[PDB]
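What follows is a single chain, given as structure tokens, in the form solved without the named molecule.
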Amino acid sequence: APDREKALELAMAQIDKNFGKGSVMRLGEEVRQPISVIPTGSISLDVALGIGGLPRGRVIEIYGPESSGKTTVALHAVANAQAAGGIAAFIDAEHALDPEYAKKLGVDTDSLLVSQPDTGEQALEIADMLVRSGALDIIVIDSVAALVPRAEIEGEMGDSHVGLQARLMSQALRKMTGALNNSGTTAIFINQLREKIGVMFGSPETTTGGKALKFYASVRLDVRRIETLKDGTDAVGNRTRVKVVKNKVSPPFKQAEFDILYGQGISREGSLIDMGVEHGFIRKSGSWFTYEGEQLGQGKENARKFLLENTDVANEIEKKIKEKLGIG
């Protein structure tokens, strides 16, 4: 028993020692939690990541079908990074950002460094110089799929092979991790699953030229919409499910759910209630949500709305949910 786990612990040790820390883990471990991280905006996801936020100095990949909430997740990541006084950059190749929305999420759009690259290489090239200045904290590349090769934009092949794409990522992605691991800048790449009932186009590790992103990525998130919320009226948002299919900073395969309110973002309040009851602090006596004595109204909405106009207590619920589990 000890002799067995003794040689095993030795084994693991050396492996960690030669291939990096989280190279081998017991899905049950509780990792040696870091001091700096980037909250995602949902306590659920935050904890599901094991370190209370996204890791710094690592490349994070977020993929899922269109309209699944990838960017909303990434936007908060940006907003938070900012609140803590950090600088952000957004390399855009989709031309689909809506600032008013970001603003409503907490993004300081005015100080938001933005770029709309000409060619795919130019893109990653700019992201690199940017990260090397070591002044940025977070940088998100909107759409892995959009970063098309110069060659493709002017004369050569059609989807790769006769010219350049699945390598552009590789090349770039390799010289960039080192810069990141030093600068302490977390990078977010947004990938796509290209369809929703298809037949013949662009993939790799599931997706787009990012067969290299699959490995470099220290964390890979699988964002997908599960249900269409309705407040006794119409579409108010969607319940979003997220699976951490790859986590090198902590045991993987953890899942998280949280609703995104159309035009509002990742409902913190809601995330607090669900975790609030999923851990005891709150008690639902049939539509009646209560908290250690005092009530929080009837129905999840009123509870939410409550926690909204009651930050003081809400932070308490949050605090007590964090203290109970892992910090950051």
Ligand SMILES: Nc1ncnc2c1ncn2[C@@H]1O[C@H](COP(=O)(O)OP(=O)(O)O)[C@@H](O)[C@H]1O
Given for the second form:
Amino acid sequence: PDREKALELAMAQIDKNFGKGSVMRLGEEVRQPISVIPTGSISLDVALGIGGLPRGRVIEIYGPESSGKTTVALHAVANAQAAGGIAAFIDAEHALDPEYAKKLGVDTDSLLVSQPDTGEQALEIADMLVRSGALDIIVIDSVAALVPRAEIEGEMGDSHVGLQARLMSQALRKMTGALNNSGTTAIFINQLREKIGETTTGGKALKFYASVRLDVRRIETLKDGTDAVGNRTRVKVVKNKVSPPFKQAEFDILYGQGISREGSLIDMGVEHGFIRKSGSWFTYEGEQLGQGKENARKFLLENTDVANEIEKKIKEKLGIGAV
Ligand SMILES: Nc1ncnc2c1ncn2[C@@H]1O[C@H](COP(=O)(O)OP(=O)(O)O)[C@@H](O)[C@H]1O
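Switch over from the form solved without the named molecule to the form deposited with the named molecule bound, please.
Whole complex next, starting from this chain.
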């Protein structure tokens, strides 16, 4: 017996029977193009292994409110649009701020929005839009807000049943195939609430249907020195059927703004040694970026020439023109 050979032969059958990515080595150096929608976060794109959210798949972005989920979802929509894509937003929360969305580059006018009467209706409308093949991306707001018609209308069986989960099951069971054929990426936003208790009724069916699952979370409030703007987010790719999972990314979303490009450039620039972080100060090839991630953030903002050559250097070192 020759283990490594016997193994590849197994993995081969494993994948052929259940799909590419059925099994893989955490340390894999992946080489499949696989059309993506840039998360709006460079770090998150790399963490995903394919440079963004896979197209034609079900994506779940779960986490506590205010952790950055909708922002990513919105940045994704903006990116799909820029590539001449058509986006749809199934809204069951009534929270979306189109203004903030425009700010993230979303063309709100061409954005389809639906505000369903019941959970059923909501997924059914999503399913219809999907199989028309016209959509590149479709975001469903709040997994939990997809409450069953029967619950919406007064219907007390004292204890009723576990219907909403089945609602998300049967719905994903028939949508996935269409998404695959259509190539539309379905992002489900899962707002986790209530202090204590990866799921929200349908998030249990979502757990198995998703090809990518993002654990978004707020880990820090950004500052100067008691000055704030917005917080830093940490995302954990807990499920990745297209690349080795369990990776992580971080980024800053300043208040009123989306993901800070410059921030990502400083972060990755340092960890990838392109920019030199000497204690309090930041430097890029002799040039002083300033003392304080913010000043450096600002510096990079003003000197667009730098940043771009830095972005270039980081981009090259990682994801370049493949195939
Ligand atoms: N409508 C808005 N106006 C200004 N800033 C916003 C707005 N929505 C979101 N933000 C910024 O994005 C951050 C994350 O918000 P969001 O991603 O919508 O929360 P969630 O994780 O529940 O989807 C907010 O803390 C804020 O920094």
